[PDB]
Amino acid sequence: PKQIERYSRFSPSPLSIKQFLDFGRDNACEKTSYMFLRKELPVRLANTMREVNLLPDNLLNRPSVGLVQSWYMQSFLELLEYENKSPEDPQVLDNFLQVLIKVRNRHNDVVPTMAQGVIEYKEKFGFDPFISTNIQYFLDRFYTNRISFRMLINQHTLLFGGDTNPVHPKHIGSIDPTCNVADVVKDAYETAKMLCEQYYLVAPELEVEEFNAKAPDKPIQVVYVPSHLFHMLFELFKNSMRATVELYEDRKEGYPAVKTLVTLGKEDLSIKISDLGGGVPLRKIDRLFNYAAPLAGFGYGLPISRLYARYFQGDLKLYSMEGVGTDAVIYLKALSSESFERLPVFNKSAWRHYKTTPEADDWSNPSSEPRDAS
């Protein structure tokens, strides 16, 4: 923990989408990249391993957690073994590349194990408030960091691993410079539909409207990682299609379409997916992003889906009118120049959240059995 103490005290370094792009497009210099990553990757790692380290002792004790920590630690040290190796011989650079491969795979199953250590703690220790709001805090940051970690590695391997036949030939790493939002929407939909189709033999049609304020007829495109977006959309379509079928299943009107509206303004790219699934009480809407019918846990889940959005200064929000339907909205920055990575830093400000004792409520709270007036 001495090096871990030192690196953790460094602050991550976020990059705008523009920056990833201009870098793999203008520069394309594997020297600068190794230079940045041999520091940046072990930093983000140490700023994460530090937090998980401040979890409640019951949780930290789950074999799934100590397991995670060790994988993180190792990857940390294999990387730390470059603090001074120079980017001059293509021997170093070539071997860095390989390490990135290794750790990517090594970590491939971190999310799985993590989720396992938390559940194994829930149904083994306690339903209380503050402890649970804590874990929420931890996971948003834990996962977001993870998301960012792969983002950085993917850009380096795709850019310099030079795999002869690139799956996506126009892309810059994972970034689509000319991404058609309407297109990623139809695909996200097409596939949630196919699933629906197989498990319900039925499915709500899709409806799309674009409105480009910026330039009233040029289709709405953006600089983004297509796959990230696709996943958020799928998640939402899956949910609106489930809710719709389930309600109109015993009626006799067919299935109301699921409407989508994409808009591009001066600084917001907004996408809205509306459905008439019966809406949901406000009360439970909030719960949705926390960690007599079933059928299809396929996507990433709303929580992760939203991390993806928030990751590049965007957001995902749910609005519903209980009794009628729901409006799910994804917000993405119109400009890549404003699309900076949103990373969790391990500083004392973070420290406080894992070191707080329950407190009194800032506001009033009703009796469970109030005095009857009269």
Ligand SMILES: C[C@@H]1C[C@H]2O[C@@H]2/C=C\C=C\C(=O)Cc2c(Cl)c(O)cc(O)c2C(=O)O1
Contents of the next structure:
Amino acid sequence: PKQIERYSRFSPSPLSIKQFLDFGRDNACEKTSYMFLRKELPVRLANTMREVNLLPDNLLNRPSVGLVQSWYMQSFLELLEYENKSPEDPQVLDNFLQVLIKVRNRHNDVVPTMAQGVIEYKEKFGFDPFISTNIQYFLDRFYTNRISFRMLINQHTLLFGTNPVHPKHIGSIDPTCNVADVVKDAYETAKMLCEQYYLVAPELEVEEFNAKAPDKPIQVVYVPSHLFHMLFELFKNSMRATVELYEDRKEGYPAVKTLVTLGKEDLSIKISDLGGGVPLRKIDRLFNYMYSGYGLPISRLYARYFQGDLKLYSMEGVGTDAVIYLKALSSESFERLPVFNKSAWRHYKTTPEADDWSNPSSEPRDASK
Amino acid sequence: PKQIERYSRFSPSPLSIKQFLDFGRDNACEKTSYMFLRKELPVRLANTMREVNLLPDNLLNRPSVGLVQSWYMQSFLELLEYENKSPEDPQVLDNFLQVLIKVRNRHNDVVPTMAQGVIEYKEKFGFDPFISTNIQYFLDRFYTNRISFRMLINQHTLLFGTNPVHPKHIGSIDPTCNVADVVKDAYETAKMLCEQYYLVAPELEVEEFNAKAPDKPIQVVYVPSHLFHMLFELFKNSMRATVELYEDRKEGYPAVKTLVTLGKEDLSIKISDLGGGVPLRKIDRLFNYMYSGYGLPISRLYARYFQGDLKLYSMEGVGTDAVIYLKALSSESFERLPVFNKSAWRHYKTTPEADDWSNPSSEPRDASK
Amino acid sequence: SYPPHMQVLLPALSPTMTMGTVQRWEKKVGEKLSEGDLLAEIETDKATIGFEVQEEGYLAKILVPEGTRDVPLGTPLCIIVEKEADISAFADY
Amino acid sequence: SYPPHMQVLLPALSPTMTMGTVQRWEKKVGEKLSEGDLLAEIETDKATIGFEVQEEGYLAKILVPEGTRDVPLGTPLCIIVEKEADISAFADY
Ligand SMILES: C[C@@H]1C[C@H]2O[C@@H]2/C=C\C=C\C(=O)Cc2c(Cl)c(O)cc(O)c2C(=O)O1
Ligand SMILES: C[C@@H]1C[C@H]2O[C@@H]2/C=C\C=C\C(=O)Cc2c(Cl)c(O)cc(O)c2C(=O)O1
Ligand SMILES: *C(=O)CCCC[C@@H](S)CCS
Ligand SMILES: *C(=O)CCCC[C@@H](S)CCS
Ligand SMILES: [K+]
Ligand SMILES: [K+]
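Given the form deposited without this ligand above, produce the structure of the same protein in the form deposited with this ligand bound.
In what comes next, the whole complex appears, and the chain from above leads the way.
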């Protein structure tokens, strides 16, 4: 861990969809990608590992957390083998590729194993609100870096590894991603799961408004599988909400509505349901892993990840809007990566503080008497 | 300022709409209100003054800031005269009332004078992003405490002072506030101002859904003038947005729509317009006084103030939703007050920090070459 | 005797407070106290207040258990010591 | 000679960095430096990085002005001193 300290003091190098696309379309030099990745991946792993070490002891202790750590170490060390191995050698490039595959596979069970970790911690030491926000901060960063590793590894294996599935795609990026098509696919997939259990499912209705070009299909440069992931979760929640609210009613099921809009900066996707909504008090906690499944916080990570966001608004008693914001421009869609440093360190070392704002008594004085 | 230090270490005592209502309806003892207020008001002033002292020097320096300070001092000292004056004396109660009036009047020009202060500071030292968030933090707290002083003073003067305007009202609280009626009033008032300048204005459409009692008018216990203030600003922005987007068009003006809903916890009021919307990048800054008029941040202060909120969502290219959340239950509607303490102090003494999350280069490497 | 120590007394945390409930300690025996750290939530009739540490040191002993209702003003709440070597001197009370 | 001082050299802030632009100083001459404070934004080809203070003291002099492009690794950026009485010793350079 002298090597981990060092690489954890390096800053990550965030890439843009434009760069990924420009590279794979016009450049596409395996050397370049190797030189970049052999250094960047260890940077990213090391930034994360440094943060897992900052976790409360009772969480750091859990076997699941240990295994993750050791997997990351195992991966880090394997990638460091390449720091002095010349790209002017076919074999080095070939072996590097297999290394990437091996670490992708090793990291397959990573989301569930960590989750198992925090669940063990919760069920054994109990729910504290303050510490929950620490863990929250950690998981957002940890699951985002993991999304990022996977983005880099996929671009490299898809570009240089080969069953040629999506052919005009550049690695995992679609330069002409038809948003409504991903919307309909995500919907059908959630519909099937909803119908299977509930024996019924609401219909989807889709509208578009393309403000640049008012009647053209809305298209964006993007990773279709990220968009899909996000849409799938929101639709599953909308359907489940709608179906649960109307199963004991007489009026039949309101559709789940989608508005896709495109402006100078934003591609926005608003999903509306009449599933009864959620009180405002409970909204923030829906993003908090340890009240929770992880589906909604993780979907928001996919969104914040290329500079977008995922936001939820509800009217308790009627329904809920969920809105995905993506960047319209690939030149503006940079990776947003967590950076280990003193600011990060302070989040882990924060002890609780007095509230800033007042709090009433749990038993306020009776003002009638 | 030995006395200010002391009273600034006291914690404010947040009241609930229920308490205000229970007091004025069932108790209504001038003594009780005097004993409470003669101590609470100086607490609140002192908490604030302590924070104005923490302001950057170049802002603290401005004549406008000086005047505010001296007004608060003047008010503080005047209220301290009463700390040892018995309520068992008609005169003391009578004089106290006039004191309240005099300080309400003195504080009349307070929002504009402070605003003039920050404007002078901005136009003379320049816009820094970090310091802007410090000033933001301060103004939210300062304008909220000022809303609170005014709430207390009004309850006392209305209850014990007398032109008997709203008669079933309890001070400034309406126990049966008809939300749609305030919605229509706020709308008409903004309509008149819009028509005056733009020579046209969109129509309003209102729907209700009362989930407890599906067809009954939605009613809540509240301060009608706060609700009005909030609605007035959102409507003014919606109309101006709609009218500016359609003045060069052919389809005529979309209505501005209002949905008022009532659930177990929330009274929600959603205003929708098709005024073209705002890019997500610019949303947060709309709440930031020194990019700014103050109308929207201040409206949100009125909302967060009895435990509600005011939230904005847009789809760039189409339009914008603005949603006021109030508490359905008066028992749950406590004043939310800023408390001077070490946590507050640290906000003022925060020096800038490294970003937590990555940032790209302003000139990213060209990945084609 | 004992090593140099300080008693933390319950102040009037608002102008009319005469007693408070020690709702929750936010520090454990053995911990460093920096000036301004959160020490306890104290509940009155009027508010739930974050009582801050006023002097730096180390928490040596808690005199008033969590959950204790209606604690009068001036009641010692806990014991602070300058060095941590001096914490063990007070498990003895 | 001069009072005890330290030069802050430009590190490689990421594995491939060979030079950086000093985009903005976040500390002024005379200011206390605590370990981990933000000292400067440094811009590469790859990122805009918050360079942190690595050792505590006082900013005595800025060797590289704000805005200076393409600064090589190892270039002294500024001078740190242990006491503030020792800051004036360096307006002299
Ligand atoms: C609590 C209600 C009803 C529950 O049945 C819904 C199932 C899962 C909920 C997940 C959530 O976190 C909130 C939510 C989301 Cl995220 C959404 O995209 C759409 C919704 O309508 C709701 C919602 O309003 O949920
Ligand atoms: C930028 C656009 C168009 C401008 O014309 C609107 C006038 C004032 C804007 C104030 C705002 O801060 C944003 C805004 C609010 Cl708050 C609103 O309640 C309704 C709106 O439609 C807009 C908006 O979308 O504003
Ligand atoms: C920065 O060094 C530019 C990197 C270009 C190559 C990237 S897109 C690697 C492909 S995963
Ligand atoms: C706390 O002391 C209860 C206060 C009751 C009287 C209040 S409602 C004063 C009226 S402004
Ligand atoms: K780092
Ligand atoms: K205080």
